[PDB]
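*Asks:* Residue strings, one per chain:
2 protein chains.
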Amino acid sequence: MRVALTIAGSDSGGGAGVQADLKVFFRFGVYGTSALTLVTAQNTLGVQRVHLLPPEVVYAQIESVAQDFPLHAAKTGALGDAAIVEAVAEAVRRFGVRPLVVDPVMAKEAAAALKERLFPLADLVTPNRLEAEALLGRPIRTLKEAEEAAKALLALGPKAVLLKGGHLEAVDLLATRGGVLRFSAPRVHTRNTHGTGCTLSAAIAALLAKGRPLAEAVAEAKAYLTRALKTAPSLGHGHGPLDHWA
Amino acid sequence: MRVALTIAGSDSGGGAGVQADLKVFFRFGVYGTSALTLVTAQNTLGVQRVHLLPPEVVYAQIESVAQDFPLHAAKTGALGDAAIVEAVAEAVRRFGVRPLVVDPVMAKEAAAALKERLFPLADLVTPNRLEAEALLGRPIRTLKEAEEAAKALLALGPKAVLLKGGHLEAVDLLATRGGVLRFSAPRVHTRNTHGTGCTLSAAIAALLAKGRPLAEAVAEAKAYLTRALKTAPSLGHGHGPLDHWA
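Each protein sequence line maps, in turn, to chains A and A'. A prime marks a further copy of an entry chain. Counting with the deposited numbering, you get residues 1 to 106, 116 to 177, 181 to 258 for the letters of the first sequence. Counting with the deposited numbering, you get residues 1 to 106, 116 to 177, 181 to 258 for the letters of the second sequence.
Calculated from the structure, these hints are not laboratory results. Beta carbons are placed, not taken as given, at the ideal position from N, Cα and C, and that holds for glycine. It is possible that part of the hints are untrue.
Chain A regions said to be covered by chain A' (calculated; three or more residues, Cβ under 8 Å) [unchecked claim]:
# : segment
1 : 133–145
2 : 181–193
What the simulated footprint calls covered on chain A' by chain A, stretch by stretch (three residues with Cβ under 8 Å from a Cβ of chain A suffice, anywhere in the stretch; the number is not a length) [what the hints assert, rightly or not]:
# : segment
3 : 3–14
4 : 24–32
5 : 42–54
6 : 66–76
7 : 241–249
Could you put the whole structure together from the sequences, leaning on the hints where they help?
*Replies:* This is the structure in structure tokens:
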């Protein structure tokens with residue numbers, strides 16, 4: 001049995017955060033472990049309250065898991081603040097947590122720590138066009154401009170970059189030192205969109221843990237997301253969660 | 001789709017706490033929501049560090065979930081301290097969280122708050138013989154003495170009591189105002205015992221959420237636990253987790 005770790009925030013509503021990550025790991029037959037960075041009171045209407053955890057507590061969880069279980073893959077989600085990002089980077093380096101999927105899920118300072126401390130340790134970064142623009146500063150509005158963006162983020166240290174929605181049906185770009193690839197996915201419209209990015213990065217981590225090559229992990233993860241979106245349940249009053257059983 | 005809520009602690013190792021509860025909810029086709037009470041750095045060797053959450057943060061999570069999702073059942077696990085127990089009881093009462101499965105998972118003060126504030130709101134309490142003795146103070150060493158214990162706890166307010174391991181193959185007693193029942197389960201021996209009680213209370217909550225009567229929920233939950241124990245994976249260096257996929 002393969003094991004995966006998620007270093008992210010807690011979403012009480014269960015649609016994103018570690019709740020979604022663990023459901024995905026479980027669906028994919030992967031044993032899930034988790035290092036919480038923060039705790040939120042949250043539902044389908046949004047976040048009502050946030051409680052950041054002490055950086056040392058986040059580090060301790062990673063240490064406890066990393067030294068007892070073999071980690072075949074891991075992902076990072078919401079990191080709260082710069083101090084936490086730094087503790088996470090130190091832990092990831094110290095315990096050799098790889099391959100690592102860093103899902104931006106974006116404070117000015119936190120973004121800086123993320124790019125400088127964590128990106129260099131990533132096997133893959135999964136920013137959306139917006140996040141990509143934020144990280145790089147430059148604007149993105151065309152496929153060619155998106156590809157340059159992907160390559161630009163690659164220079165920050167990650168071994169691969171998945172810029173989502175690089176061009177709008182909706183195409184994502186996977187950039188590696190070898191070249192750029194393009195993935196196409198049905199722009200399925202629905203209200204149940206909460207946890208889309210989270211579910212994607214979790215599925216990729218799960219697939220990597222099972223031995224799938226990166227490009228194939230991303231394609232299978234996207235195929236899973238599409239199914240998850242199509243049969244999303246009618247739960248919550250706002251943007252409902254995905255159908256992780258899909 | 002039915003929804004269930006777990007109000008408990010976070011176990012980074014994934015074998016117990018909300019991690020185990022959510023895996024069980026998912027296995028049973030129930031949508032999981034969670035209100036974290038505390039966060040632990042933990043593995044198969046035990047707990048390395050504990051971080052209690054502010055009582056108001058625990059309350060906020062329950063409120064966020066309860067007002068947005070219909071709750072068909074819920075359970076409580078580790079509650080940290082008296083202040084948290086009290087906030088949980090207030091929330092459970094205020095938002096009408098029922099049916100509620102209170103799993104003791106036992116400070117002198119916290120135990121008092123649990124018994125006085127939370128037990129009266131429980132549809133079922135699942136203490137083990139030890140916990141039962143602690144709560145009542147009296148000693149338990151015989152079946153007849155165990156049955157009296159079960160009935161004794163029933164007088165504290167809960168609508169039903171499942172005293173585990175009341176008599177040692182291993183028999184559990186389910187006491188209600190109507191009478192006492194006895195469940196027998198194979199005393200399966202294995203190192204992977206981490207999260208046994210947690211997995212049981214979570215399965216009961218999940219079954220109640222799907223409309224199963226109490227007695228039947230307990231029997232099916234126990235049947236699930238037995239399977240979970242039999243094929244437990246070889247993960248961790250100490251007492252490994254159960255096979256929740258069972």
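*Asks:* A separate judgement is required for each hint: does it hold in the structure or not?
*Replies:* Hints, verified against the model:
Using a Cβ-Cβ cut-off of 8 Å, 0 residues of the segment 133–145 of chain A lie near chain A', which falls short of the minimum of three, so the contact claim is violated. Here's how the segment 181–193 of chain A fares: 0 of its residues keep a CB closer than 8 Å to some CB of chain A', so the rule of at least three is not met and the hint is violated. Note: the segment 3–14 of chain A' has 5 residues with beta-carbon separation from chain A under 8 Å; the three-residue rule is met and the coverage holds. Residue count for the segment 24–32 of chain A' with a Cβ under 8 Å from a Cβ of chain A: 5. That meets the three needed, and the coverage hint holds.
Here the segment 42–54 of chain A' counts 9 residues with a CB under 8 Å from a CB of chain A, which clears the bar of 3, and the coverage holds. Only residues whose beta carbon comes within less than 8 Å of a beta carbon in chain A count, and the segment 66–76 of chain A' has 3; three or more means the coverage holds. Given a C-beta distance limit of less than 8 Å, the hint that chain A covers the segment 241–249 of chain A' holds, as 4 residues qualify and 3 suffice.
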